[PDB]
Structures are given as structure tokens and as C-alpha cells.
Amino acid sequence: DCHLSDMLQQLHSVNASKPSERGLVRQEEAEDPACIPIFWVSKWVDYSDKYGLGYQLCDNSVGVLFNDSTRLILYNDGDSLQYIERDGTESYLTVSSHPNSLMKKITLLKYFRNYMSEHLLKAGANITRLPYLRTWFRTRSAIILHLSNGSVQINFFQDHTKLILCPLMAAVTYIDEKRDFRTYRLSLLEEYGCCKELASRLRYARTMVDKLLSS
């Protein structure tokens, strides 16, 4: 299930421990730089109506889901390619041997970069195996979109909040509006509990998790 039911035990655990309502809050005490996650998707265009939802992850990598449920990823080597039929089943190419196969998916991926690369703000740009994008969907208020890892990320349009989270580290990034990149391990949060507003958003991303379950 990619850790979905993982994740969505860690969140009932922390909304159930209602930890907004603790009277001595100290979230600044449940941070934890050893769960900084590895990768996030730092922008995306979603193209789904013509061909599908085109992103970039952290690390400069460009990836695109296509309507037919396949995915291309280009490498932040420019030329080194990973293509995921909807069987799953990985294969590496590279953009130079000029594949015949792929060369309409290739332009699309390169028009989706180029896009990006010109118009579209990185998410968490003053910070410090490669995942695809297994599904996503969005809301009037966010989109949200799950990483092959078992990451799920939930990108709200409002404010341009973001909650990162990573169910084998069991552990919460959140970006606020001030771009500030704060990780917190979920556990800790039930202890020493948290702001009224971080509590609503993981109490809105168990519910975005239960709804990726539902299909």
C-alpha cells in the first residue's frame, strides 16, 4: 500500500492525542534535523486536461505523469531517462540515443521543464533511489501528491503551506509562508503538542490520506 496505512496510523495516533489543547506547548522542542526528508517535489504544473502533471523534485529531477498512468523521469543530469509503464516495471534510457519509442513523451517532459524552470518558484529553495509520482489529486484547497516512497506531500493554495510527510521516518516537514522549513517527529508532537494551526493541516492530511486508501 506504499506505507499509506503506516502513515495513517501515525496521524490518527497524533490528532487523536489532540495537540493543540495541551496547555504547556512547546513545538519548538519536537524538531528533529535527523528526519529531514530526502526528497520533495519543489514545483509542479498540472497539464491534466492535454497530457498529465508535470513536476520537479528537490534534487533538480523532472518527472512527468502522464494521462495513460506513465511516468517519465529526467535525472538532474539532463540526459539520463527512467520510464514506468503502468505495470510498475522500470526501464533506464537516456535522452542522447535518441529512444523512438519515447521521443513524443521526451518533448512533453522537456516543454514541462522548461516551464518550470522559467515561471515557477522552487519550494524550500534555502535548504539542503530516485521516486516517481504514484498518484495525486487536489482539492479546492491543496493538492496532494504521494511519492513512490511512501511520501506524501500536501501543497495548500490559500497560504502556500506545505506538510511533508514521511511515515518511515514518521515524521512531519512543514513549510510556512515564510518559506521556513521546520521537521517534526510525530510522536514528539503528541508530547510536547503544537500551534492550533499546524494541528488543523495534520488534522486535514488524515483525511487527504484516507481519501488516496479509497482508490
Second form
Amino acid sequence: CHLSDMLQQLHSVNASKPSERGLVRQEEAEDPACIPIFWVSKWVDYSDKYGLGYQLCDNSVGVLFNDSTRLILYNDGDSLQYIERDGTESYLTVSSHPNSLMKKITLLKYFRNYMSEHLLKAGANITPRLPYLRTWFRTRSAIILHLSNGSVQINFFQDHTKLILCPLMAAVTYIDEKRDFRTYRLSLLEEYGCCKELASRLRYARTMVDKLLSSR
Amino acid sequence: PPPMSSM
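Alternate state requested, the form solved in complex with its partner chain (shown: the form solved without its partner chain):
Now the complete complex, all chains and molecules, led by this one.
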């Protein structure tokens, strides 16, 4: 769990008051070598009945089911990863699958088909540099998605802005209102500052990471 | 609340 590292990285950037000091030189904090490998491109909240389905940017699809199990279909459309409630990981294929997983596979295929047909692909214009969804929650303002590689993604509903936080790179990717996809080193935002918009979202992010840490 | 991401 790299959540503690993430919280520390956010504590540090926020404490530097990046938008409240001198000349903001945000462009100097950009680091394309830190562009994430994975993020959530689409999601469907069917948690009142089945669970939460998501598409990663590589076109792989996962579901976190209401029974606390996870099923992930690789982008080849056949290879499967199943994670039981106790945490046991199994690797198989749809072509071979146990009869006991037929229902969950079918559900996943419906999720997959819907996302492929109906939703915008977040970061669609970007070539990325397999994690599963550890957990998620929603607020009035955002959906928060925690990936098993330590990444935390926050999608804001009102303005469609998004953060992808990676504690391994100590980086943040910001997708703005114009769908501009920019990756920054957090330490460099400390060094060079950032706009009020990103600064406010990083403050929000800290609160969300606290929530993740307090509900582990 | 929106039950899915942006269309």
C-alpha cells in the first residue's frame, strides 16, 4: 500500500502553497516521462445490483462485484483474472472457464459492450507509457478510484476534470476542461507553482486519500 | 447521481 506515500507527497505539495506565492511556472513542472501506464477511461456504477464496471485505457475491462469479488478481462477479450473475497487470484480464460464463473463473465461482457458502445474514452488521444480496482467511492463532486498499482484517480462530475495520482512516480496527471492531458512531478509543482484550479484539486485529493486510508 | 462516466 503506497497510500501513505501519496498522502505525504500531497501534504508536501499543498504545504508549499503552490498557487499563493510568486510567479507560477507550471509548464516547468511537466514531465512526459511520468505519463501513467494505466488509468480508468470509462466506468459504470451498477452497484445497486451488480457492482462497478470499468474500462482501463488499454481496453481491458474489470468489475468489482457487490460480493467483494473481482473479474478482469484482458484486452485480448478472452484472458481472465479472478480475485476471490479472501484475496486468492486465479488466471484463466473465458474459452476454458469454470461453470461457476459463467454468470459473472456474462455480466462483465454486458459491462464491456456498454462501455465500448456508449461512453467517452478518458485520455483517448494519449498513448500510455494489469492493475485491478482495489476500491472506489463517490462524493457529490467526484468518483474516487483506487487501483492496485497504487494509483488514485479522481473524476470530477461538474466540470469533467480528472486527476491521476501515481505515488511511485510522485506524479499527477491533470485532464482539464478542454481535455488537455498533462503530467506533472509533484516535487516540481512545489518548485515552480501551479494554477489555483490544480492547487484546489490537489487539496481535494489529499482529503480523498485520507478517506481511503481511514477506510482500509 | 450519474450512474456512469461521460457519454
